[PDB]
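Accompanying notes for the structure given below.
A single protein chain has been omitted from the complex, and every remaining protein chain is retained in its original position.
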């Protein structure tokens, strides 16, 4: 099958906000559900994806040279749902003439560059139904009978990133799959020299143009992003003096041990979801080291080894080209001085220390997943009376007042539901299976008519 | 699609001798070629497989506990030809409800027990076209016009392993895929206590019945089979005294390094085949350590570690429970004595040493691949005049005198062609791709009519 | 030098309670301080060690086959203080004729069996100054002038483990290095079938005598001890049905990552000690995963793999020979029934489940380090007024009222000071350096006279 485009003016069955991996997994699952080769029961649903980037890209600001996936390739966008799918990583390799060559690597962990290209190869097959350069700015409730008190569609308004014009599309069902936004410490001032990890590859080279210059560059944080940037900077700027600032005492290893890791299994979502709010909070805390503020062991070991080599060359740590400053917090940033370097004031992170002069501060402090709140502000009144937070059901559809919203209309959330669905929610871990679940939840009636 | 059985009395399009992995890969490729889901161009060919075992089994005498595949699961019976195939290892796992669980192991190397079950799961889907308990004993030339000098079919005669009756099936094309036979040193006498590695799991427990008894058991050889048996015996018979006898100075590691390993790539068969006899002989020798008389490093290290632990317990090697005797050869076996133990006489393997008294000698000396010669003795006269060896073309069809044999008739060899096709010939390495190549070579005309 | 014995009746310079690794490291450091070859400045101090075991043994109840050290051999009993010492692991190997052979293993982690033998080899060299089979039962204050209010020696009373007779030795200085006692859940009743991990190898075989019998054996806990026992039982009793009961959701991996692991460095003791009580408590919690309720990754992976193999054989987890039951707690133990099996009642560990019938319950719930409290009850009054807990100084000497105790008398604690000295206190990590520090603290005046 081949998904054809729907004219902008027609009522859509589904409109998806964002075309990152989460939305792409839904597109793939729909294709597969409509394929007679895979689904024996298999008109076309009217679907559109809106993506603010001008083309498909996966965390392009963090495509650090040599960076690797932290998940088995088997957990791609189709395999766990159907290994026979044309959208598996192995079939992508076969199509590229690279399958035997990848096999000879004996690794489950492709370069992030390669995995992005896999997803790009998948994404390109849906170009007819994806509108790029469209930033969704609001979702507005709609009534086919404006005199009634029942909402039965939604209008999704997006802004063209190049022209700035506003387009509207109407749909019975909306999916919001917009990932996360850069989290910045509230104490830090705004400055072109202060840059979030998410914009590392895309904006730092424009600030620090000469790769041979002895720049002083600090990195704030101790998670995977902070470690990757710290390590890369030492290769990208060979004569630089880099400094890793962390409030913890040390970089800590990610837990990928097999029993613990079973929390990422697709079948575990049912189990997690059915737990109480207290139990879910308890569970997420207990398993935090699988995902948050943690670094892959291999990378920790490499950075440690690099530090040891500095010790061999010079026993005085204060003279090392690259340094780590643990149990520190930034208390003041001077950035109005005549020189191109900022002055960073540090204290102990325990409940006055040194001063650093730097050309740039990379801030690897993670992400927030609350941007859907702003997009859904105008539909908040459709929630049950007195409810001031969106409550996703197991099938990811948000709860709305049944007396206010028709059964045929709804809004689903994707990627922002860790609190209710578990640690796998924001990752690639369950995307293949979740895509299949989403297609059933959204298009079930049509698929049942064929079944 | 589903391959239906052909009545014994009808002329077959293809008859395959053996239903091990090589024949199974052909069955799978044919299924896939006939599947409209995978091949858009896709009556049924008349096909039968004859297998001497009573059911599908893969080296059952060597299904040693804990034994592992020495090849990536990606090199299964379909993936390298088509990752979308229902016969991939990953789809097998999915069907069994085990895919996520295998993923969590982070290994490319399943237990041999698991891989056999994968192949058994594949094999069971062809039960309608496989006759088990049928040992093929001869291939006889046939002439549709007996007064002419042109052969245009073959009669394949098989012996029922239970009843002993002789059945005949006629076919235009024959494939011989019968693997290897046990290679035994010519100096060794016949004795129930002298057993080839291929019969280890199936016959040794019948000889040495009490698992707690202090048996003396020797193992001859230094390849993967010898190492696996040596290591297993120490677990199976905890109180036994085992001795590894080898003519080499040491167990040597298998070469699985990535550049060298590319010799096993499916596309390399073309390159190898087109080389001269001298070059091919040279090439096979240079790369011998990838496959022959070699042990997986991990297993060498485990055995070595076990030996070290014996040293900790006792510094006198002569007192060790389990011993390795390198650079030795057996010169005499006494096995007519009144006691249940044989007397093995050893000398240096260099161009008189000790004596061992043992309850059993496991002989792990490898395999010969010449059994097709006996089966094809009655068709030898169809080869070009003066040719006293079978010459497989690139497509595995043996050369026959075109003035004696019709273009529609032929015999293909599988698994015994290392001399012409390379080190991957006897392994699982190229089976998926080779199956596809075989289906084209044998059924091409029919498939072209559909294409 | 060679430490000669002191007659029981003479006033000792030092008496050490316990001859485990901590006391042995002090003996070694004293030898080394007195050796002219190592210390250029170098009468004999009057010293005695009292050990309740009949000979040197290191956690003999947990010398599980195949069990390994969780610390580099470089952190032996001398190397970190002086690599030239005759008491290094490498010199032990050299003396045994095993150095080259160990080198060829390429491991930093010897078998626990080997490391015990290293320590036994060290211990045997101090046989003249160690009294075995002597259980210290009390430390009594002594006054050379009984009419005065100043304590200037201590009497250490011990009970002969064979004869039961009481011996007394007088000393100016005492070291208490008695390790830990078995920690048992308070809810469990006393029963010969309920056995702590510390008595696994020494007492379980006496209870379950027939190694081939299909016993049901449970294990309580999820730390290294629980994992080792769980794994071993499956080898020791091949036909048994084992069950691992844990309150956590999963076995979690030990953190041995290099930055975090620096907390075990000898120089870090100064840093840890100088922190506030609050900071120390915070620090110990943050780094808990380096030592407590954690399993070596390799062992987790092996157990996981064994579980997967059960899945291959049978997809129904309830039928598996060996099982893990996570998030469970024991609420009732029935052990008065006519059968030889106890009935264990389980519930969820979250704030009624199944029932198990077992022949034995192995309880791997860790250790307490409070036994010094009982031994020092009669000297408690020498602490500063109102102080109801022993307060070790940096040099491990407990604080006593200077107006009550002479400067030449004192009591040191070893191995029970994690709260004040850090996570390395109970381990082998800092023993070499700590031994040297202890010798200076205790014998400094004599050593200064030579210096």
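Note that the chains take the letters A, B and C in the order they are written out, and that residue 1 is the start of every chain.
Throughout what follows, a contact is a pair of C-beta atoms (placed from the backbone, for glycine too) under 8 Å apart; a residue touches a chain by one contact, two chains touch by 3 or more.
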Field: Hidden partner chain, touching residue among C:267, C:316 or C:388
entry: C:267
Touch criterion as defined above, residue of B:128, B:279 or B:354 at the omitted chain: B:279
Query: Of A:32, A:82 or A:114, which residue touches the hidden chain?
result: A:114
- prompt: Of the residues C:84, C:143, C:332 or C:394, which one touches the chain left out of the display?
  reply: C:84
Omitted-chain contact residue, chosen from A:105, A:166 or A:207: A:105
Query: So that we can see where the missing chain sits, which residues of chain B does it touch?
result: 248-253, 255, 257-260, 262-263, 279, 283, 286-287, 289, 297, 300-301, 304, 324, 350
- request: Quickly run down the residues of chain C that touch the omitted chain.
  value: 36-38, 72, 74-75, 79-80, 82-86, 88, 90-91, 93-94, 99-100, 103-106, 108, 258, 261-262, 265-267
Task: Go through chain A and note every residue touching the omitted chain.
output: 96-98, 101-102, 104-105, 111, 113-114, 117, 304-305, 308-309, 311-312, 315
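Convention: only the chains that are shown with their structure count from here on.
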- line: The distance between the C-alpha centres of chain B and chain C, rounded to whole Å, is 53
Message: Using mean CA coordinates as chain centres, what's the gap between chain A and chain B in Å?
response: 48
Query: Residue numbers in chain B touching 2 or more other chains?
result: 104-105
